[PDB]
Amino acid sequence: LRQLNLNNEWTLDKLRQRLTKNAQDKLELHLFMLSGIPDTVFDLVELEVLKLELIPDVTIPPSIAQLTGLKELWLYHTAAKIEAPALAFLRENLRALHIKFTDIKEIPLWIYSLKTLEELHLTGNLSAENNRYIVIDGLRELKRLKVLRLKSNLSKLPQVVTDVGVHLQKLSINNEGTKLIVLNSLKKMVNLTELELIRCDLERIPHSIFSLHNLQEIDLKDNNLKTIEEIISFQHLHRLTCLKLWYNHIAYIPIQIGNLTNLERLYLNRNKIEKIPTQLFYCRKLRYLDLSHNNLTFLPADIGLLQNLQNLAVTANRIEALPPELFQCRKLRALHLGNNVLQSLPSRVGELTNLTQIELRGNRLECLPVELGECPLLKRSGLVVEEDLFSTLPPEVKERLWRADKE
Amino acid sequence: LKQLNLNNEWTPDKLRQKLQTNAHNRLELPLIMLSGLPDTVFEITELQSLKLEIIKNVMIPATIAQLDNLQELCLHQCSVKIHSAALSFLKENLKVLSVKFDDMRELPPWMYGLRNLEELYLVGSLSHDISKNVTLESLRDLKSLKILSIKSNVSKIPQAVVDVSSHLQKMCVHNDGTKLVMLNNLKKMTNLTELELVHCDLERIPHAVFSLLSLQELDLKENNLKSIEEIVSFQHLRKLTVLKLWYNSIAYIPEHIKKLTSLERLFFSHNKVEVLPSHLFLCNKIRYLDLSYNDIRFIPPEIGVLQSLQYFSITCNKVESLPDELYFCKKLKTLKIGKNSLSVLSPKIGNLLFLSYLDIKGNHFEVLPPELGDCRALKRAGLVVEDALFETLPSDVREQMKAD
Numbered sequence: 402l403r404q405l406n407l408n409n410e411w412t413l414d415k416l417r418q419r420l421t422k423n424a425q426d427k428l429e430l431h432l433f434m435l436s437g438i439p440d441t442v443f444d445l446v447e448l449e450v451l452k453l454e455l456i457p458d459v460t461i462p463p464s465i466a467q468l469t470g471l472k473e474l475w476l477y478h479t480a481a482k483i484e485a486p487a488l489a490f491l492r493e494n495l496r497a498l499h500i501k502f503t504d505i506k507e508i509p510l511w512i513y514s515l516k517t518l519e520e521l522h523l524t525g526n527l528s529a530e531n532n533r534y535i536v537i538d539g540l541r542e543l544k545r546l547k548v549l550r551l552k553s554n555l556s557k558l559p560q561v562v563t564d565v566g567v568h569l570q571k572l573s574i575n576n577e578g579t580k581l582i583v584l585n586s587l588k589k590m591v592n593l594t595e596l597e598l599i600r601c602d603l604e605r606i607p608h609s610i611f612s613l614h615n616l617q618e619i620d621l622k623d624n625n626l627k628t629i630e631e632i633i634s635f636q637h638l639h640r641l642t643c644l645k646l647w648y649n650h651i652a653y654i655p656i657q658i659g660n661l662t663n664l665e666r667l668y669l670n671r672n673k674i675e676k677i678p679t680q681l682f683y684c685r686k687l688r689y690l691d692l693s694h695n696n697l698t699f700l701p702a703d704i705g706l707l708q709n710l711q712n713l714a715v716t717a718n719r720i721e722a723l724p725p726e727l728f729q730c731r732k733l734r735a736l737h738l739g740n741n742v743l744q745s746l747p748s749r750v751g752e753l754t755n756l757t758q759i760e761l762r763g764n765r766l767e768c769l770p771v772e773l774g775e776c777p778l779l780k781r782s783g784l785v786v787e788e789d790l791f792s793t794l795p796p797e798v799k800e801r802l803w804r805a806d807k808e
Numbered sequence: 400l401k402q403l404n405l406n407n408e409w410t411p412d413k414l415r416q417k418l419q420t421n422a423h424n425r426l427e428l429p430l431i432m433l434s435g436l437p438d439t440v441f442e443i444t445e446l447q448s449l450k451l452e453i454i455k456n457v458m459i460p461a462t463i464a465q466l467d468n469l470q471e472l473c474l475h476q477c478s479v480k481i482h483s484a485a486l487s488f489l490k491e492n493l494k495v496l497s498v499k500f501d502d503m504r505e506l507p508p509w510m511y512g513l514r515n516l517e518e519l520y521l522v523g524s525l526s527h528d529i530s531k532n533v534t535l536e537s538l539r540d541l542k543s544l545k546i547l548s549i550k551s552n553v554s555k556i557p558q559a560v561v562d563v564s565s566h567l568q569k570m571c572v573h574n575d576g577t578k579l580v581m582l583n584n585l586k587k588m589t590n591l592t593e594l595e596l597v598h599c600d601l602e603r604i605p606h607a608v609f610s611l612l613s614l615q616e617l618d619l620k621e622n623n624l625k626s627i628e629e630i631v632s633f634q635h636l637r638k639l640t641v642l643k644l645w646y647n648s649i650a651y652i653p654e655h656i657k658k659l660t661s662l663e664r665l666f667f668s669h670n671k672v673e674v675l676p677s678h679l680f681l682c683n684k685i686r687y688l689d690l691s692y693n694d695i696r697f698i699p700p701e702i703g704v705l706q707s708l709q710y711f712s713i714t715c716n717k718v719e720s721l722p723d724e725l726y727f728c729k730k731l732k733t734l735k736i737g738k739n740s741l742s743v744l745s746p747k748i749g750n751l752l753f754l755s756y757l758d759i760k761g762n763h764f765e766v767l768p769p770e771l772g773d774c775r776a777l778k779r780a781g782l783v784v785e786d787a788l789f790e791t792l793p794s795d796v797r798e799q800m801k802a803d
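Keeping their order, the protein sequence lines are chains A and B. The opening residue of the first sequence carries number 402 in full-length UniProt numbering; numbering runs sequentially from there. The opening residue of the second sequence carries number 400 in full-length UniProt numbering; numbering runs sequentially from there.
Please note that a few of the clues may not be correct.
Said to hold, decoys possible - As a list, the in silico DSS-like pairs of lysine-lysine whose alpha-carbon atoms are at most 30 Å apart: (1) 494/B with 676/A; (2) 673/A with 545/B; (3) 801/B with 778/B; (4) 807/A with 780/A; (5) 760/B with 799/A; (6) 671/B with 730/B; (7) 545/B with 676/A; (8) 586/B with 480/B; (9) 801/B with 780/A.
To be verified - Calculated Cβ distances over 12 Å to all of chain A for the following chain B residues: (10) 418; (11) 432; (12) 433; (13) 457; (14) 476; (15) 523; (16) 552; (17) 566; (18) 649; (19) 683; (20) 706; (21) 719; (22) 778; (23) 803.
Hints were generated in silico from the structure; no laboratory data involved. The beta-carbon is built from N, C-alpha and C at its ideal position, and this holds for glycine as well.
Kindly produce the complete structure, drawing on both the sequences and the hints.
This is the structure we're talking about:
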């Protein structure tokens with residue numbers, strides 16, 4: 402009666418409205434406190450991400466074959482009971498699977514039998530008695546796995562994951578402040594491309610990070626590294642173009658980073674960098690540069706070297722005057738300059754054309770120059786500033802900006 | 400049941416929809432006329448600011464320890480309760496507070512157990528027995544407080560401010576017709592830097608302001624300053640660069656302005672000034688001078704002394720004569736002379752290289768000269784004028800001006 406009533410209550414029409422899109426721009430429906438999966442949910446054929454979150458012990462029927470587009474399932478505290486035809490359909494169709502659990506029994510055993518699975522995310526502590534890195538021994542059956550996120554607070558990387566790493570291209574570890582025992586055991590995953598150690602609290606860089614040659618993006622988020630000293634060995638990483646050293650106690654940048662000329666997305670924000678030096682600008686390839694929430698003394702002139710810079714973010718840092726060399730570059734697009742001690746914005750911002758948004762709220766900004774109206778791509782949504790400071794502009798250029806905004 | 404309803408009513412996706420930004424560039428959740436505070440709100444951990452408007456009978460659990468990213472709290476006309484872990488965490492984390500006390504009890508008594516608090520927005524109202532508010536004089540427990548804005552009918556400055564003068568820096572008070580008295584409590588300000596008093600009905604500038612030796616700026620907004628004779632001690636405010644005495648009644652300006660030359664910002668808009676003296680423009684460090692919507696008869700030529708001026712507003716004056724020495728001052732970035740009694744725009748105006756803004760709106764002009772092309776930073780927007788004055792440029796000058 403409950404399931405039949407749920408099919409009537411949750412109708413296909415209301416669920417068509419329930420359909421939303423995620424950051425990956427994928428049609429998805431969030432099933433929160435549902436008794437089971439309504440048949441009206443499975444009738445949907447345009448679904449991309451089905452969110453079985455907190456659905457108590459739901460049995461998956463074969464009608465999941467109707468979900469032809471189904472590629473993403475996020476079983477959040479939802480034990481999935483499945484049978485052979487639905488198993489076959491998931492093995493032949495399903496490719497990404499983010500299992501969040503609080504118990505070993507919550508993890509279903511059929512998730513290790515899927516052929517086409519390539520993205521697998523685990524959340525929940527995995528250290529247990531007589532089950533440490535044994536339940537995932539079925540990861541060897543899964544040969545298509547490329548993304549393996551383990552928000553499992555694990556103290557060491559499992560060896561089965563190391564054998565998987567021959568075909569794994571992405572390994573993100575979240576330990577929530579627990580030091581992971583590296584022992585240079587990640588040298589097996591030569592295919593690893595994005596090692597994102599999230600909240601690993603490493604405080605050092607092991608040699609395995611720069612021993613593998615295949616990492617393009619290495620984000621040591623909240624790894625608490627005091628001194629960034631292993632960056633000389635990263636020049637052998639020709640693939641490395643995104644070295645996001647944010648959320649650390651880096652108090653000074655040694656000049657040696659001038660070795661790494663291939664870097665583009667250097668996100669060095671939310672740190673206590675006393676100053677980014679001139680030699681830091683020796684990487685002319687830097688296209689995206691984030692220094693937000695930092696202790697900079699000022700912003701040097703060698704920023705004129707970074708001709709490829711698009712978004713320079715120094716929000717809530719200590720910069721008193723904006724150098725004209727900042728405006729010498731023309732490729733700036735997103736200027737996160739808010740909450741600063743900028744005395745005034747120079748009129749040379751009129752040179753900037755690619756600037757589509759600029760954060761100017763707060764600061765010590767005396768007035769906004771009229772040259773901001775010279776920027777074509779900039780609009781009201783792009784130009785975020787206080788109402789009075791915006792009103793300091795002449796009426797007709799404000800009308801021009803309004804007309805370019807609304808249309 | 401109330402809390403269960405709150406969690407059931409507001410899904411986290413609805414809170415994602417509610418997510419917005421505020422006046423301080425923080426992630427704000429506007430919660431309006433709610434029955435309580437849901438735990439789903441605290442499930443969001445990326446949140447930087449909380450806005451609770453008339454949500455009364457509300458007790459803050461330990462669950463706010465989930466969201467570490469908070470920096471601002473807007474507790475508006477709501478009587479809020481507290482729990483021990485909430486006290487500890489908001490002592491450790493919360494820094495910016497903005498409360499509205501429509502009722503005195505709608506101000507909760509626990510704001511003052513904190514220490515990390517830095518900004519405070521005390522909007523609302525107050526009664527006759529001002530000194531009895533022990534809620535004010537507990538900010539001795541606050542060590543990091545730096546911003547205090549009290550929009551209330553406060554007649555007497557409390558001894559609270561006297562105690563917290565060591566670390567306080569900014570004042571913003573809107574009395575709205577209420578006379579402010581007992582100015583010794585503002586005398587014993589020591590480390591304060593900003594003072595914005597609005598409608599405090601201060602007839603004269605007290606010796607309190609001159610007792611301040613590190614005041615960056617002063618505002619005497621909506622204060623009936625008929626005469627300015629106590630400026631002699633204003634020299635003690637060496638940090639004073641801003642004197643925003645606008646919408647005021649200063650009938651004439653004396654020689655005492657020579658006491659302080661560090662003055663930079665000078666707003667006398669809508670003042671009662673009749674003739675400027677020879678003694679304003681001696682202080683060459685002045686860059687930001689306002690006389691908007693005044694009734695000055697004419698501008699004497701001693702304006703030539705103000706070279707480091709970058710803003711000279713005298714808009715809606717009765718000034719019929721602009722001598723050419725303000726055109727001689729080329730560092731004058733802004734220069735607003737709108738709706739005066741002037742006759743002709745100066746032909747030798749292209750000499751002012753750094754003239755960013757020339758508001759001369761509504762002036763009785765005849766024909767614009769051709770030397771606006773020599774002006775590097777003057778636009779049609781900058782030179783706001785009636786359109787029959789805009790239509791006067793030569794055709795080649797139109798070709799050079801439409802392309803700037």
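Outcome of the hint check:
For the proposed pair residue 494/B and residue 676/A, the alpha carbon gap of about 26 Å is at most 30 Å, so the pair holds. With a C-alpha separation of about 23 Å, the suggested pairing of residue 673/A with residue 545/B holds against the 30 Å cut-off. Distance restraint check for residue 801/B and residue 778/B: the Cα-Cα separation of roughly 10 Å lies within the 30 Å cut-off, and the hinted pair is therefore satisfied. For the proposed pair residue 807/A and residue 780/A, the alpha carbon gap of about 9 Å is at most 30 Å, so the pair holds.
For the hint linking residue 760/B to residue 799/A, the alpha-carbon distance of about 17 Å falls within 30 Å, and the restraint holds. Between residue 671/B and residue 730/B the alpha-carbon distance is near 28 Å, which keeps this suggested pair within the 30 Å criterion. The hinted pair formed by residue 545/B and residue 676/A meets the criterion: a straight-line CA distance of about 26 Å does not exceed 30 Å. Between residue 586/B and residue 480/B the alpha-carbon distance is near 36 Å, which puts this suggested pair outside the 30 Å criterion.
A threshold of 30 Å between alpha carbons decides the hint, and for residue 801/B with residue 780/A the separation of about 21 Å falls inside it, so the pair holds. Interface exclusion of residue 418/B from chain A stands, the closest Cβ pair being 14 Å apart, more than 12 Å. Against the 12 Å criterion, residue 432/B stays outside the reach of chain A, whose nearest CB is about 25 Å from its own CB. Once the 12 Å rule is applied to beta carbons, residue 433/B is consistent with being away from chain A; the minimum gap is 20 Å.
No Cβ of chain A approaches the Cβ of residue 457/B within 12 Å, the least distance being about 25 Å, so the stated non-interface status holds. Listed as a non-interface residue, residue 476/B keeps its Cβ farther than 12 Å from every Cβ of chain A; the least gap is roughly 24 Å. With a minimum CB-CB distance of about 23 Å to chain A, residue 523/B clears the 12 Å threshold, and the non-interface call stands. A cut-off of 12 Å between C-beta atoms confirms that residue 552/B is not in contact with chain A; the least separation is 25 Å.
Once the 12 Å rule is applied to beta carbons, residue 566/B is consistent with being away from chain A; the minimum gap is 20 Å. For residue 649/B, the non-interface assignment is confirmed: its Cβ lies about 24 Å from the closest Cβ of chain A, beyond the 12 Å cut-off. Even its closest Cβ contact with chain A, about 19 Å, leaves residue 683/B beyond 12 Å, as expected for a residue assigned away from the interface. Even its closest Cβ contact with chain A, about 19 Å, leaves residue 706/B beyond 12 Å, as expected for a residue assigned away from the interface.
In this structure residue 719/B is separated from chain A by more than 12 Å, as the shortest Cβ-Cβ distance comes to about 25 Å. Once the 12 Å rule is applied to beta carbons, residue 778/B is inconsistent with being away from chain A; the minimum gap is 6 Å. Its closest Cβ contact with chain A, about 8 Å, brings residue 803/B to no more than 12 Å, contrary to its assignment away from the interface.
Of the numbered hints given earlier, the model fails hints 8, 22, 23; all others are met.
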